[PDB]
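S.K.: The primary structure of each chain is shown beneath.
Protein chains: 2
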Amino acid sequence: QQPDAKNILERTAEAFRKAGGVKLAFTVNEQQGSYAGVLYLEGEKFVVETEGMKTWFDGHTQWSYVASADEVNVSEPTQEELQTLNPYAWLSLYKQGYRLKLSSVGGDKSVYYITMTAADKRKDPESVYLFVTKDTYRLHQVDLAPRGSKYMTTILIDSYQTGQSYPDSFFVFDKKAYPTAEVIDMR
Amino acid sequence: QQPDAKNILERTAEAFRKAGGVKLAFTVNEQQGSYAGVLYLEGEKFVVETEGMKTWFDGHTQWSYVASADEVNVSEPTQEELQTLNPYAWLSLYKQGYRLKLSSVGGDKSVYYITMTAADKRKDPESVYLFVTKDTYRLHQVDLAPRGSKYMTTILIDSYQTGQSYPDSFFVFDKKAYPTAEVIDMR
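Chain order of the listed sequences is A and A'. A prime marks a further copy of an entry chain.
Numbering (PDB author numbering) for the first sequence: 28 to 134, 137 to 216.
Numbering (PDB author numbering) for the second sequence: 28 to 134, 137 to 216.
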């Protein structure tokens, strides 16, 4: 609980950048319930799967399958419009006007936690909390604090595998896997 | 990470109230270094001991011994002027304009943490973080976030004993224990 928060965050983000292809399983706990997903990430490309939904993004084109409709929608999201659900992306707030502090919690041996506090009272989330291991700089949990309501959103990283290699085709939707689906192309 | 923050804080504070005499050993970690102390608490009376300093308060009169001067100063602090260093006192901020959220952290099995965020941008500390066990509602750690600087203050509760009975005389300075000290009475 000694080091500088920005330095720890930069080391954590850099190691993620250099990690190659990643497979990250996560759980989201909210007010209203809990759900899990899996993210496969390499460069700007991703695949994300949750119950009844799967999305592929190849760096330009996004395909999103919705099981309850047996429909795949095709689009070209702007960099802001993307929804990778990558918990490591929350580190980037330190460059968008969130002030930082670093401390340490333990009981299980200690981890760092980093507080991110919006300098702008209009921004939502108002605060973000990151729980990061001390030795290996691995993100275990991200908590999001909404400005205008009382309940925290918790994102837990359940498993994290690095150094994967995904073929380009992994990030491109394959209609043969979805024989009955309707394709709805918004491009 | 489901229950309401105020309810958890109230249960924690109430159990402390009903605990009888308490002996609480603590460690404070700051930028500049670490130090430990022991607090003995019963009602409004306390004794607090740190390296080279000991203070007795009997509900009205405070005696404070400073080893580096071999001097005991006697005063009558107002309720604001007291310095019990009781970590449980930080819970009281929820009644002084700090907004609350509740979540849960684990790796070691999980504990609650409660965030306290000053609604008034002038107040210091800007934020306080409480780490409280889920079953026994015991405060393990309090972190203080200063408004205008970057470093967190951490208070760890190292041991906590309840149901003690202290005689009134325990909280009254005894000159026989300090044969050479100069008494400086400011009353």
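Be aware that a few hints might be false.
Because identical chains cannot be distinguished in the list, a pair is counted as satisfied if it fits within a single copy or across any two copies.
List of simulated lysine-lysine pairs, BS3-like, C-alpha gap at most 27 angstroms [what the hints assert, rightly or not]:
| no. | residue 1 | residue 2 |
| --- | --- | --- |
| 1 | 81 | 138 |
| 2 | 179 | 163 |
| 3 | 138 | 179 |
| 4 | 45 | 152 |
| 5 | 122 | 205 |
| 6 | 50 | 81 |
| 7 | 50 | 72 |
| 8 | 122 | 204 |
| 9 | 204 | 72 |
| 10 | 205 | 50 |
| 11 | 163 | 45 |
| 12 | 72 | 150 |
I should point out that these hints are in silico values taken from the structure, not numbers from a laboratory.
S.K.: Give a verdict on every hint.
M.R.: Here's how the hints hold up against the structure:
Taking CA atoms no more than 27 angstroms apart as the test, residue 81 paired with residue 138 passes in neither setting, with 36 angstroms inside one copy and 32 angstroms between copies. For a Cα distance limit of 27 angstroms, the shortest separation of residue 179 from residue 163 across copies, 19 angstroms, qualifies, whereas the shortest one inside one copy, 30 angstroms, does not. Only between protomers do residue 138 and residue 179 lie at most 27 angstroms apart by alpha-carbon distance; the minimum there is 24 angstroms, versus 29 angstroms within a single protomer. Proximity of residue 45 and residue 152 under a CA criterion of 27 angstroms is satisfied in neither setting, with 30 angstroms inside one chain copy and 41 angstroms between copies.
For a Cα distance limit of 27 angstroms, the shortest separation of residue 122 from residue 205 qualifies neither inside one copy, at 42 angstroms, nor across copies, at 61 angstroms. Only within a single protomer do residue 50 and residue 81 lie at most 27 angstroms apart by alpha-carbon distance; the minimum there is 15 angstroms, versus 56 angstroms between protomers. For the homomeric pair residue 50 and residue 72, the shortest alpha-carbon distance inside one copy (12 angstroms) is at most 27 angstroms, but the shortest distance between copies (57 angstroms) is not. Proximity of residue 122 to residue 204 under the C-alpha cut-off of 27 angstroms is found in neither arrangement, the shortest distances being 40 angstroms within a copy and 59 angstroms between copies.
In this assembly of identical chains, the alpha carbons of residue 204 and residue 72 lie at most 27 angstroms apart only when taken from the same copy (19 angstroms versus 75 angstroms across copies). Proximity of residue 205 and residue 50 under a CA criterion of 27 angstroms is satisfied intra-copy only: 24 angstroms inside one chain copy versus 69 angstroms between copies. Taking the shortest Cα distances, residue 163 and residue 45 sit within 27 angstroms of each other inside one copy (18 angstroms), while across copies they are farther apart (38 angstroms). Proximity of residue 72 and residue 150 under a CA criterion of 27 angstroms is satisfied in neither setting, with 33 angstroms inside one chain copy and 41 angstroms between copies.
When each numbered hint is compared with the structure, violations occur for hints 1, 4, 5, 8 and 12.
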